[PDB]
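Heads up, the chain below is alone and in the form deposited without this ligand; it's given as structure tokens.
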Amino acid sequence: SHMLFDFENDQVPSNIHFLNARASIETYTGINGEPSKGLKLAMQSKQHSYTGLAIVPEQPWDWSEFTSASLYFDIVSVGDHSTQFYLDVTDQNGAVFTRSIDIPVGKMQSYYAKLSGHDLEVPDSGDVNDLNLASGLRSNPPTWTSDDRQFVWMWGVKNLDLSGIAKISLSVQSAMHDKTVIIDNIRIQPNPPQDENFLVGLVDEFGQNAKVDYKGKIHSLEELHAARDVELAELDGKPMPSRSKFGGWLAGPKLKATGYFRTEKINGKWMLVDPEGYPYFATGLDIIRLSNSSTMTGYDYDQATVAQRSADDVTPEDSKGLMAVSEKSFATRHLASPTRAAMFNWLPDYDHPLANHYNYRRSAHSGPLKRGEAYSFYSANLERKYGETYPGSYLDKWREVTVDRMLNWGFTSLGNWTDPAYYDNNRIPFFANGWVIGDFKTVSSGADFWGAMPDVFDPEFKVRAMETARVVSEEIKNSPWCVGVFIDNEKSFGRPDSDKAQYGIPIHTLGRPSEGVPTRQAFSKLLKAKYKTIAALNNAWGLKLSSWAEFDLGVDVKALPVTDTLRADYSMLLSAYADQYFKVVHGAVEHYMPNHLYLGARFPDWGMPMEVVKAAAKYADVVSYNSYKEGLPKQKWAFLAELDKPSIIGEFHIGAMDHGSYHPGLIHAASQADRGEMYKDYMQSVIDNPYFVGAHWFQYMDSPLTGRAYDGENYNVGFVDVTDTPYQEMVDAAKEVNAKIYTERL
């Protein structure tokens, strides 16, 4: 309806710019079967971590008349690899949204990204940290039916200023291979009418996509018991050959045995060493528990019947056990979200054998509900599969089968957020964790994502860190099977988008008075020692403060341009903040678990300023990073060499959309088989990096189709689906990697 680029005049448009990519116009077979001229985009994404194109018109495009329309592209990958494109669309006010999808090799398809209308109209809950759509799904089922593919929602602004679209970017990021696509028919089409029922009847009685059939979908209890029987016949509890008791490499050489997991460089490559002295390399899955397997039903209970949290609890609500819902709570049950309730084709009555799989969450990070009833279809399917030989017996069977799977699949560990009931399994090592939470004073990065940042100079922060480590130690029982302890996860230490974002903690804290703010008192002390006189600081910051006492009221550095002196100061303050965080946490872990490795705080790509990484290097035995990319690119990881610290990937994943999910997750594959190929590529990258001692995949099970209760993530990121059935493509990929982790490294 509004053609932007059909490439038929045989010219590479001059308004299109190429980032580490070569462009040409070629003839290819289009979506309708007919040859057409398209833009061939050959990205040098093996060598370069950011590649692609950007369309940047002279003056921003005015598409304000398109009140319910989408941007369309015909795209296909050529060659050996699928391509995950990030589509970023920026308006004249600098507002941006990001969508992404996999582009398979094979037949060209049409892809669309909504600009306006439909599920963009009431876009979410409002909250800036709410990345979901209004439904409480990270991405929705499409709002109409067609052969076309909808770009998946990732993050950003749902309603751009259509009167000025300034830039359209398609990029390939942190790839392990050169990617090549053909793009054609960049256009705008008004949206079809919104299907009234697009959020209705999404889920069947097994928690599966009710509207779509796919390979492996369960259609009966018989089919489920059949899948169960086939798998159980193959699981015999036997570890891969040449594994030591603790999952290490029997062939050796054997190093000094200390009785606990430890680190050591073995001929130029960092390794773990198991309690008996065998070289070790950690592989396994995160979230080996049921806590995150429930989805909001849209019902609520009258609050007099809900137990409230204890202020001294060390476990945040998201990581609590599934809450046993009482008959009296359930009787008070009432509709709070019609939209949520209508998604479910079946939910059990109080008297049904599957009614124990209800959950209640008293808080949420984001989504349409702040609290509510939830249901775990996965847990219900465990009961369906394994039945009861005594009350709760399906949970014990799930734990036994889980360990048997891990051993068959060749994993050397259970990863982070393993339920403490596995801690005495004594057949496979595990990683422990705790969270430091409590009523201690806080600071802010100015863009805190999961939660506010702790004031690590408040004595109560240390009190709570000590209680946290105490509880973990009680769980661990000083077991040699515990590889190490993660504390906290993806803290907002400062984002890399800008220098002010990066130094958000110094900027925000400097803005506050010293009185009552321990971290501000610490920052004030450091700057007094640096500058001595307020006059030196005035000239460094270009200010005219009358005294240290005025300085200590709080200073709005946020409005000042970042200069050399301000940068040096923010760097110094960030370092001191991060040093104190890691000092206190390490001290607590060491106090209660003196034998065990402390594994850091799991840095994401949006939260690893170097000042904080160097702080972790000082105190953590092993520095942890979560890295959702296609692998570990040379340039992005070159800093590791100067630190010379053993490192671990706490999280990665790849998902697909061919098994009923509305959202593949953070990194996208073309199919379950392609998921398996991409897994192998990622792990090869880890195996090849001499600083890494392991990598854990997030997570064991798919997230619920309609979103995990905590924050609406609804991804295909499991080694098993909602019916507890393994993706065999992922099993095979894991076995291939796990059979060679040691021969490769050693």
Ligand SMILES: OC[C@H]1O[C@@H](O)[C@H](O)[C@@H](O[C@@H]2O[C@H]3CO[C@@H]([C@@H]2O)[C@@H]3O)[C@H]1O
Second form
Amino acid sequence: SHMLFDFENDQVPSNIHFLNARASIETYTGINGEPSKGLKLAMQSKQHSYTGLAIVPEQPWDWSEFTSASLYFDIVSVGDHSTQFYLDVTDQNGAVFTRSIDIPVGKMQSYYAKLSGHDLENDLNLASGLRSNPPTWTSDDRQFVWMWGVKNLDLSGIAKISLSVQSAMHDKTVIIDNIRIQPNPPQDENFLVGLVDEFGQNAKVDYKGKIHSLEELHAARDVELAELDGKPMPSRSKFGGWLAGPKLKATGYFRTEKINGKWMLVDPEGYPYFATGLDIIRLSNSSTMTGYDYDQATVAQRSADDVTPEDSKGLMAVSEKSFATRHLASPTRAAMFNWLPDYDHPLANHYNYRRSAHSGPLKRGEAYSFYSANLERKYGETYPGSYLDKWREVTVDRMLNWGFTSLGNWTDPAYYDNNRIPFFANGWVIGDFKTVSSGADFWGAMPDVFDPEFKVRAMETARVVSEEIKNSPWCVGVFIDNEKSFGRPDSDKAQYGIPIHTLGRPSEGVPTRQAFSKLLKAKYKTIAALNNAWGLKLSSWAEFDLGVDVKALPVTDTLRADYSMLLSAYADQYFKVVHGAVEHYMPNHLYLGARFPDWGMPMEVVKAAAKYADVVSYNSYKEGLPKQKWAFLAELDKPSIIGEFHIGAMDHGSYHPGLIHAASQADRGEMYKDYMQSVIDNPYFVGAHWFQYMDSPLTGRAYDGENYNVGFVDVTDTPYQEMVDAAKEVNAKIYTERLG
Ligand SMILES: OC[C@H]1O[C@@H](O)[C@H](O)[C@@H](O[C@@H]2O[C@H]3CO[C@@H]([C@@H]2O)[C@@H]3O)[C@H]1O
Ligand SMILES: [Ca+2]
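For the form deposited with this ligand bound instead of the form deposited without this ligand, what are the coordinates?
First the chain shown before, then all remaining chains and molecules of the complex.
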């Protein structure tokens, strides 16, 4: 194709810029086995949470002739750690896409990111409904995995090519060579055909541990069941705390306390407690859209009062009447599957049906859970559905064997009386209340928390959670909601997106806007004072109260101060209402906040949670908890919990490793241990939960197409032994590390 950088002139090129990284040209051994010159990039990524290089041509490259082509890099890690690279490609209009992949130590390989062609011809997926696809051609090269952003850049002007390492726990070093563009090979018209075998596995790729028959599955089951004796790790108290104490005052419920400078939970009997475990201990998210649909008059409709969003509903039992009306809605989906059972087949009962979807080519449709089918294959039936009871018992035996102290978030309520391991409960506050927007809402619109109907719904949410947990001492506490779009950290406008978007609306029929207006009047009194403040020329408060377009205003210190007031009042009201509901129906139990992702934790909102929540919860998909990124915790002095993290890999058939990437199954375990060490060393954290128990389906979970290697078990319900070992290493030292 077209060689951009081969480094053979021994220069570090002046249009490649470095950020917290040292670059030089070094002879190394390339893919063709010959010594060659490459760019050695030693990133100072232990110290700095963003490191990397950026190629910035003096004028954007005009690549418009490349109508079907990819960008290639030869890359390899050097030293002790694999490197997850983020590739960010930015065009001359500011449009960006992000791909990512693991870069192992050892053998150099070629990595490519498509610029145009093939499968590039709130939907983070490719057309298929997979977050990232199998390759559209066969080669030994590795495809950069799709993450997010604009599929089709303006190729007549590529402005920036960025490779970065972010929030690492270690210095990372790579060698890079042969940066080039190549036309795409012809597209394999079968690239999405026959992806899945009868077990839910990658049909086209054999890999270590793959199941090739029913008897191998039974052999896997027999080996494991032989080792599970139901026994907890040593010195765990009844409720999974630390028997060696010091023993503290016992209240009969889980609670928080600072134990010699380190925040802890304290179990119902008074023993120090630290929460470890897995999220999604349920079957709801294990189904994948098959491509078929049913007659709508055969489908039960959602009640408007239901507290449970569609994504979190139990797998729906599909009726024979429904199945009789089966028709093809997506040929592309349907051709993915080598095996799906007839309605007559004993495994037909693992069909599901979703009535909505966040992302993907179908808004609704038939889905099949291969994991669930494999439970039945593994454990059989001694009575209808007995494989589900057996799954739960095995699941609990596993967690105790593996040393986990809890069942994490989104545990099926059938586990809530297990009375062998504590669990975390959850509810979602959903309904018909009025909404507001941040201007970039990810999962859905934000609630208008000043609408009385929002409180009516928070109350019903808590009521139902309360009826599920039956005031049990086994419930560590209650998460409410998840990853709400309180505002992105990219810029002041993004962060204050809720105030900005809401200010643009009228006060009439917008209760959050009325609350905001009240605060600004009390601050400024007259319209002329507000005019001076905001640089506006409004004729009256009445005019102000019709809505003002402040999106257009650059954010000044005055504007920032006013937006901060408004966002604080919004978050205060949210947490106040949710906390009041939880305390009303579950007065004994901890309220665990709203699970802030890195893209939705503006400090005004964190502060509001620290006021009402007993434990502030954050989701953090990174290689660990970097010092500077989490220094703000000292200010709040609140016990905190990681609700989600994970590390995935692509050596066990998955097309997508997940959010954070390892070189292999063993490397996943090593990265789990590094992540958990950073939680364990942090004095504000009282636990961390891994998302999630099982891999997502190879062809994408029905809700939004995530198709990640993020399980402790694969589609066949076989544990990843490298993850088991890493969890046991961690779980053996959680208490000795925190207490001494
Ligand atoms: O295009 C939107 C993206 O923006 C990126 O900046 C986020 O890191 C991404 O974060 C992801 O968002 C949700 C889907 O995967 C998880 C990840 O944090 C969240 O659940 C995503 O929000
Ligand atoms: Ca070279």
